[PDB]
Amino acid sequence: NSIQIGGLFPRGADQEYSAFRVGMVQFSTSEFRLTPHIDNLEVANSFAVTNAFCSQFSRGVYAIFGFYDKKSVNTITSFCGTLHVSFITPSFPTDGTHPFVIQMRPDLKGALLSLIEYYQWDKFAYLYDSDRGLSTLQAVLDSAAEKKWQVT
Amino acid sequence: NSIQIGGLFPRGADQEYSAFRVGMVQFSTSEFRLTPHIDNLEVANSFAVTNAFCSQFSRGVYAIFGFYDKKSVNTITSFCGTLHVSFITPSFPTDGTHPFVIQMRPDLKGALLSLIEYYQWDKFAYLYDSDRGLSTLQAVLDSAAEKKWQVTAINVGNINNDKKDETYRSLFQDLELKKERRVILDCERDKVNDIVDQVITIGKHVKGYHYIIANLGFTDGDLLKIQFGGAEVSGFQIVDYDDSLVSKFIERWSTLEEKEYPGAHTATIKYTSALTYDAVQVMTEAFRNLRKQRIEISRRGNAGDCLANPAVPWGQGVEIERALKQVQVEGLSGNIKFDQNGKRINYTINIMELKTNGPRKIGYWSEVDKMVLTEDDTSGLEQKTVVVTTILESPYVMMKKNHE
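Protein sequence lines correspond, in order, to chains B and A.
If you count the first sequence from 1, position 2 lands on 11 in PDB author numbering, and the numbers rise without skipping.
If you count the second sequence from 1, position 303 lands on 312 in PDB author numbering, and the numbers rise without skipping.
It is possible that some hints are incorrect.
[To be verified] Simulated pairs of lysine-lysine, DSBU-like, Cα-Cα distance not exceeding 30 Å: (1) B/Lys118 <-> A/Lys173; (2) A/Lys118 <-> A/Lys188; (3) B/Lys157 <-> A/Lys410; (4) A/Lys118 <-> B/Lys156; (5) B/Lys157 <-> A/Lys409; (6) B/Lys118 <-> A/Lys132; (7) A/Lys188 <-> B/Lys132; (8) B/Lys157 <-> A/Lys200.
Please keep in mind that the hints were generated in silico from the structure rather than gathered at the bench.
Same shape as in the complex, but just chain B:
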């Protein structure tokens, strides 16, 4: 009763995969297991991800574990939304509600707002990389008016 799963891993993900490989071992039972198809791909390229997602759809997996990037994120969300494929990933949470998506990464933006309150900050600098995204920076700039912040 072997069950197949999609495995989308970036190239440099050595420990992420090292922990993934350990994950399946500690959880496989005597009546079923997991048969992942691992595609080491450059996750930023939307075409590579799109071509890789279908490389798993034709193989007929029952769920896909992977990652995504600010550029390729909207590629996976609407793809799993129409094909009813279930996608599980630790990449950053979807900006909005996108169905058939499982985000292990807990919402970091909600916790950061509470930290700045206890420290009683008023003016500070916010450093962000447009690569990782800015969904968290957007949140602190939105609440910058209600809570009196002068973000540089």
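Position chain A against the provided structure of chain B, taking the given hints into account.
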């Protein structure tokens, strides 16, 4: 004589499509002609975008004219960079240099950054919409820390239309904390008309407020509702109706029947649509130069499934890129030209101040020259009722015994 191209259109973009049809007729010669394949699809559904793009790559086109959303721009750009397929679009330019992309929309980022510097602003609001990329937001924020600006950036895009009256009143309750009187609206021409009607409801459009619409269709959206409140309104117009070329187009435009051409019986045209008419002229002259250059571009056979691994790029797409990126014509958006990346270059955005007499061509910019127009001759001397304030305190200001 037949050239195949792919067309990706939002289903709620009819004038944007009506302008495309008129362009085929005005640039159809007897030497050759272009042939479209239209798929009305959802612009935000990148899966539909992927299904539409591969529908054209399997039919074997030479270039694709379409749009994209933030949720799909990366889908369009990534396929064109690998399959060497040229893409022409009037949507927002890509956040970076992407090959085989011919962005018809010019970069507004340079305009706003010095329209701010013209009025001498150092603190303002910035209500943006992520539907057209966070490119503009990073620009103002990067320049905010350099000039020690104090900006308030609000992701006004993600708001529900059912609780729109209690949240908009709440936003201005938040913007009232700093008594903000200088705002920049960075929504599409649709959500702008929603904010406009809600600024009127709370009366935040009188003497004192000053807004800047950050899109290339100032005269497109409805401006008559906030024109007389007393608040100065600035913006940007790309379709300079003063040019005789546009008027030549607008005359033939205003007489067209509306059942056959939706959204075309009026005197103005949306900047999204005006760029589309100008897009055809680019593609027409692109291939006409491939002809005169004695260049053979026709496909050698079935392009196959787009998901072909490894992705084989047809070499002549390089020549199509070089053909499209070396076009140079004139249309409704003024001048038209492209770099080696496909970005708009050598253009002119008319800056318009909304006075009491309507949109006024006050200024304009360029990627080399910033704010350089002398004041329009039309105006009125001593039309400014200067507002003066004082305090009732005898005997400085006493109400006459017959003050009623």
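task: Identify every previously stated hint that the structure contradicts and give their numbers, smallest first.
output: The structure breaks hints 3, 5; every other hint is satisfied.
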